[PDB]
Amino acid sequence: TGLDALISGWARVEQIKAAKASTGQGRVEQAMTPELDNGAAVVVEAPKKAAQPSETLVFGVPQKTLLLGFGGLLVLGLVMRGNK
Amino acid sequence: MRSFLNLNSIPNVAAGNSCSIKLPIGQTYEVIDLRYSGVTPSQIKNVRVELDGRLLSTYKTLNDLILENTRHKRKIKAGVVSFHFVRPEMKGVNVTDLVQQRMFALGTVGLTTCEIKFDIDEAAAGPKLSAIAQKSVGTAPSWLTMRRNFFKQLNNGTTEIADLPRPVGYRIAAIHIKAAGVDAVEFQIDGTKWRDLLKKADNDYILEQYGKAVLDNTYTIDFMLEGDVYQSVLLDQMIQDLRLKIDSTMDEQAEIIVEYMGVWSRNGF
Amino acid sequence: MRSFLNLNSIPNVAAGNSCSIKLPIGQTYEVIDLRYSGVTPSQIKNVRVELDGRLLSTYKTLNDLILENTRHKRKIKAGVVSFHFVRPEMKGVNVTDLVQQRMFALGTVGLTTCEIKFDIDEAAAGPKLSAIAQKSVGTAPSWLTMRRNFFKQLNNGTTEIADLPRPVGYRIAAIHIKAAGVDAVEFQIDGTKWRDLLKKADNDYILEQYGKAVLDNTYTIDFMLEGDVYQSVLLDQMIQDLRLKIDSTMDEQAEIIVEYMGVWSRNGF
Amino acid sequence: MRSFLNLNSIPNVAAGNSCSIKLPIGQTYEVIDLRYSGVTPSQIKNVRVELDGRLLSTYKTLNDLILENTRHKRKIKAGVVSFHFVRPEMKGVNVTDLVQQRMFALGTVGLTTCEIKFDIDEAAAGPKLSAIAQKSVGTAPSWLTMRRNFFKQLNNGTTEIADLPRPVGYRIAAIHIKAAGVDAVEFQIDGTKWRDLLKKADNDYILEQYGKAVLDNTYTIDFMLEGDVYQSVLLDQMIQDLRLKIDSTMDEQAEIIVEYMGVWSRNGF
Amino acid sequence: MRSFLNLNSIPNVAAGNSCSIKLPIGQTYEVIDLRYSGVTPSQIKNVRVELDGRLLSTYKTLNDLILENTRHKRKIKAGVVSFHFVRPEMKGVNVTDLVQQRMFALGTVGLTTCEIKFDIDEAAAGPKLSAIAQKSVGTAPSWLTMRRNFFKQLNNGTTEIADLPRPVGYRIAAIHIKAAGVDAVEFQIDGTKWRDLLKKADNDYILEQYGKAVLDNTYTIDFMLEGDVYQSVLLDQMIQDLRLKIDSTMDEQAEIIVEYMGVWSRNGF
Ligand SMILES: [Ca+2]
Ligand SMILES: [Ca+2]
Ligand SMILES: [Ca+2]
Ligand SMILES: [Ca+2]
Numbered sequence: 021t022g023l024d025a026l027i028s029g030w031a032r033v034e035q036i037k038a039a040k041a042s043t044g045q046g047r048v049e050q051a052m053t054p055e056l057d058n059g060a061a062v063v064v065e066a067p068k069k070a071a072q073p074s075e076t077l078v079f080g081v082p083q084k085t086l087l088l089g090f091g092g093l094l095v096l097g098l099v100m101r102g103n104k
Numbered sequence: 001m002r003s004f005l006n007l008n009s010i011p012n013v014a015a016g017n018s019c020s021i022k023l024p025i026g027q028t029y030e031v032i033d034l035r036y037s038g039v040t041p042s043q044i045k046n047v048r049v050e051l052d053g054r055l056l057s058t059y060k061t062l063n064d065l066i067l068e069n070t071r072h073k074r075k076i077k078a079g080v081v082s083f084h085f086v087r088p089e090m091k092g093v094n095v096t097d098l099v100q101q102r103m104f105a106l107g108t109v110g111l112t113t114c115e116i117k118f119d120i121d122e123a124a125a126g127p128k129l130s131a132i133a134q135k136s137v138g139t140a141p142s143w144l145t146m147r148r149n150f151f152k153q154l155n156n157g158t159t160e161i162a163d164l165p166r167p168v169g170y171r172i173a174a175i176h177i178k179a180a181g182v183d184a185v186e187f188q189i190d191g192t193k194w195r196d197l198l199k200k201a202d203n204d205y206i207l208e209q210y211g212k213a214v215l216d217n218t219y220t221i222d223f224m225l226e227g228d229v230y231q232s233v234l235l236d237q238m239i240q241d242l243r244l245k246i247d248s249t250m251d252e253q254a255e256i257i258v259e260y261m262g263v264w265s266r267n268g269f
Numbered sequence: 001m002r003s004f005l006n007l008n009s010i011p012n013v014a015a016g017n018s019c020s021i022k023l024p025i026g027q028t029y030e031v032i033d034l035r036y037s038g039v040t041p042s043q044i045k046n047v048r049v050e051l052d053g054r055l056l057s058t059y060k061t062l063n064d065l066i067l068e069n070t071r072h073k074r075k076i077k078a079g080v081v082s083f084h085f086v087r088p089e090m091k092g093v094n095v096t097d098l099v100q101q102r103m104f105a106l107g108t109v110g111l112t113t114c115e116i117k118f119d120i121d122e123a124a125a126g127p128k129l130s131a132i133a134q135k136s137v138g139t140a141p142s143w144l145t146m147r148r149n150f151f152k153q154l155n156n157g158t159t160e161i162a163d164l165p166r167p168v169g170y171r172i173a174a175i176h177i178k179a180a181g182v183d184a185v186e187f188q189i190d191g192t193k194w195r196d197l198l199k200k201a202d203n204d205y206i207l208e209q210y211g212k213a214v215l216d217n218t219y220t221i222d223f224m225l226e227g228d229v230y231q232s233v234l235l236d237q238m239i240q241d242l243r244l245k246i247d248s249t250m251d252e253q254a255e256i257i258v259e260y261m262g263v264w265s266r267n268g269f
Numbered sequence: 001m002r003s004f005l006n007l008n009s010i011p012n013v014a015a016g017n018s019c020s021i022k023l024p025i026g027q028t029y030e031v032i033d034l035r036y037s038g039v040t041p042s043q044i045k046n047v048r049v050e051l052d053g054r055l056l057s058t059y060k061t062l063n064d065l066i067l068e069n070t071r072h073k074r075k076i077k078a079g080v081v082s083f084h085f086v087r088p089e090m091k092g093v094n095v096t097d098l099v100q101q102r103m104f105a106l107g108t109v110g111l112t113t114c115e116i117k118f119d120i121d122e123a124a125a126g127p128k129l130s131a132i133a134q135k136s137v138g139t140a141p142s143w144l145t146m147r148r149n150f151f152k153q154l155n156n157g158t159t160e161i162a163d164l165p166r167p168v169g170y171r172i173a174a175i176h177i178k179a180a181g182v183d184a185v186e187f188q189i190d191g192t193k194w195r196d197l198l199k200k201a202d203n204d205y206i207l208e209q210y211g212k213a214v215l216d217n218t219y220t221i222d223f224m225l226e227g228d229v230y231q232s233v234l235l236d237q238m239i240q241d242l243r244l245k246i247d248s249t250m251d252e253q254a255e256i257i258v259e260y261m262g263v264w265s266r267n268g269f
Numbered sequence: 001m002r003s004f005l006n007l008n009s010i011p012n013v014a015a016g017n018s019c020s021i022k023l024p025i026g027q028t029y030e031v032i033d034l035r036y037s038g039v040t041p042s043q044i045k046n047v048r049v050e051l052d053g054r055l056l057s058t059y060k061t062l063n064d065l066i067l068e069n070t071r072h073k074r075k076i077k078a079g080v081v082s083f084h085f086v087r088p089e090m091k092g093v094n095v096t097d098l099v100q101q102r103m104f105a106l107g108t109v110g111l112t113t114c115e116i117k118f119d120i121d122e123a124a125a126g127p128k129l130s131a132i133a134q135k136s137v138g139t140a141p142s143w144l145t146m147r148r149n150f151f152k153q154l155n156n157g158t159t160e161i162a163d164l165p166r167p168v169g170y171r172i173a174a175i176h177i178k179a180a181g182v183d184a185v186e187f188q189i190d191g192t193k194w195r196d197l198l199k200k201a202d203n204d205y206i207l208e209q210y211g212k213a214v215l216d217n218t219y220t221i222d223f224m225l226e227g228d229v230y231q232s233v234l235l236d237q238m239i240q241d242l243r244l245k246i247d248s249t250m251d252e253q254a255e256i257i258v259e260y261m262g263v264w265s266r267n268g269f
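Protein chains in written order, with PDB author numbering: chain S, 21 to 104; chain I, 1 to 269; chain A, 1 to 269; chain B, 1 to 269; chain C, 1 to 269.
Note that these hints are calculated values from the structure, not bench results.
One thing to keep in mind: the hints can contain errors.
Said to hold, decoys possible - Pairs of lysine-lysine residues, derived as PhoX-like cross-links and limited to a Cα-Cα distance of at most 20 angstroms, are as follows: (1) B:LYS73 to B:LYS91; (2) B:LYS73 to A:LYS73; (3) A:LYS73 to C:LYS212; (4) C:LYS91 to C:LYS45; (5) C:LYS117 to A:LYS128.
Isolated chain S (complex conformation):
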């Protein structure tokens, strides 16, 4: 977290509000907003990122699949030597 980097965000938050205020369509967008005491909130933690487990599995299966390819290409290469 950076306080100056946040404050910029709040300064830049006002710029996008100013973009709406300049145009007539920005005013009509805000027309539907009402005032009531009924809200549907959802405040909860959320996980981020994942590295190593999917990799190890997705390195095991293709390496074997490739190795089977080499074995097939080798026997095809070796059989062409027999036809010489």
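Given chain S, put chains I, A, B and C with the ligands in place with the hints provided.
Relative to the frame of chain S, chains I, A, B and C with the ligands by itself:
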């Protein structure tokens, strides 16, 4: 375009009653004009601005809000007192002045409740209160001013106050020492003397020098005299000492007003 | 089968003397009944339970042990004070209640020394102390309750205490704030508010709701109200912030009692 | 770890008003502490616990909730009344006591709305109500206690009540006959006399024998005296007759309270 | 589901008469509530619980049953005395508490006769006795409590009692020494001192410490203070000495009550 609305009627406005100004969630409240009659500002006690049940700002009496506005030389009118969420004195450094001022507006997006509670004194002649709202497009609570109240005893000689809350990431716009016998004050952080032992007359001269009005029986330490938010005290975690050295001439209990600032949080200050 | 033994005579029991209850190693001590006369519980200062010379639990005075038992509504008798190692209020979740309670017994197997030191006040009329032990088969010290003492300054307003020891792998059964002007308290871990700013009257109601007795000038935060050990605070090696927000009305120094829990280690907490 | 929260402010608390305690969905509510003042428990009428708009439990007045807690000898405090969803008196047979008690907690997972509606009497002096929630990890509504109200005319002589709802798969924890002239009662299912014509004095003795408190002008038929849920009446689809034979001495209107139990279903009892 | 039945009328209830409560065989008797009037509990002498003609438990007078219940702090009501076969104080170690308590219930399956005989004193004013049974599904007699009576003379000084019956495979829950001048007692098995020479005040303190009530002119040696059946004395065959060392201050004859336990046998204790 802004919208000026006549807020819903305040329920049960009577002497000795505990009323509240419940604000509808959805938009942003820049200013709230509270009209009063049949009661004095001092008769409107324990004013609290609450977001989701949590305290944001507190005023011992409505008169403190009148003094808050008077200090910045804002328009004062008898029979009306405004809640200036948007700070008109703000000046931008890397953004426009307008952006820096509006950034303090009371956004309600994501909020469950927005209230302005207060108690009407029993001596109130015939209390009559109404409110008008100057609103704008909805925004999260975000950057807000958090007025906090503290009571400390002062001696006749030197008094030091170093136990002021230091919420991490937050800032301090100003500190108001409400006492009648304060001669000089000194402010320091980690030994560093940011404010020398300045005599009241000298401190008050600098205040007025920046378009501010000196409040009676108050020693104001304005950290945003230029209107620059980045001149305010940044409550950095590594801070080990936030001290105030008060030179008084009387033995009394002072009301220390601290204007905090920071991004409002469901689980913050 | 348990064994009830009349512990050996306590050496040099006199006013102003520093005595100790040396426990024989080999078995398990579930409860230790200390009979006293010619002296007040408050006159028995600095009570320390030591295992191998290290501190396990500490009591400023023997009166704190009386209050500890009173809180759980345990049998209190004048002239006697018991050390309840086995926690009778424990309830099993995946094991029997008996197993969960006995799991706190003071096993001595592998120990070199087991002592209960204390100082007899000089004002003691004519101190007379004897002890009886309710023992059972020997076990390692294992899971034990570790009562720790902390002193912190409380302000009139809001005080925050976030520097409480967080021994890794250990748990916190409860926290007792000993102060006369505490109005409300809030407990949070990593921003998460596990205990909202609960008013004393409300907190005390929940305590009594679980068969507990409210102690005078004390704000108890019981994390094991149901008797379930898994409800206590698990001091995860990943917790970033363990904070306490105290709303006081007085400016005093509070004695914070923290009941820790964990498998005793020769080089541990 | 449990969480103690100060529920949001109850909207429009005034005499003659119809208020509601809207509970946020997501977690589990073990207990709800309702603080009241400026109004009597009897002045809080038609208390309804609704899940998804459907009725779960009903109380003619808040005083019936006070009596419900008093009967089990739960902690009673003036100015506060708790909603014990988790049944502290439960005892496990093939599971731990804790599991059997917590199994009654009000889980909200999958719910759209969880409300506690009630009406404030017009005579209410100056009603003031607030609520605190003792919550735990979220769970489906699942096994819940369903308090149902029934009114029947009792004769001077013998009266029989066999038209009590028998929701299939559900159970009956207890039946409370609220009348002032009931001498003896007999309970039978399919001719089988599970409860002989027991005199009030004899029935009340058994109740007290299990730590229960006898309620005034009430004949309680506790089917869970031991705390064992499997002792309650299992409403089998094959049951042909569920009868109650009441021997009264007065001609009056009795309020029959039936404590049902079962897995909550959006389209069930 | 349990069944509460009004037992058949007790035949020939009159002063100086020898009556009996013949229990119908087939089910399990958890508790038997005996209502009495026109006679004192002390006027109901020689109470014997017989299974198939063999003595199970014996009470010199019905007052001893009242004291037995009082000791465990069970609900006591004037005009009624209950026979608690199921032990409510039992706590499970590897089974639930409920299972450990119900295991003491009086099962009648396989029995030919189940009786509760007693003699009504001649001085009885106008004896009136009735009984109510709290029954459950039938089970064999199985694990039962066998209260036995013994009379031994005490000296003023030390008296040793080592001739107490030691039925093989059976256990001893407790021993009650009924004498007015007992100062301290010591219990040992094969030289091993399981209970040091504990002073009455110290022994009584431990008893109360476990929710028990101290009986007048009685020194109770509770081997099941925790409610754990496996803490009781196991009368192992290889036992060579079961001794009791009583320190009295009077020369009198004491009534020694021994609460035995074991699986009931047609040809056992
Ligand atoms: Ca803002
Ligand atoms: Ca242990
Ligand atoms: Ca449930
Ligand atoms: Ca049995």
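Evaluated hints:
no., hint, verdict
1, B:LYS73 to B:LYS91, "holds, 16 angstroms"
2, B:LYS73 to A:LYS73, "holds, 16 angstroms"
3, A:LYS73 to C:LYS212, "holds, 14 angstroms"
4, C:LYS91 to C:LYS45, "violated, 32 angstroms"
5, C:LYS117 to A:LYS128, "violated, 53 angstroms"
Of the numbered hints given earlier, the model fails hints 4, 5; all others are met.
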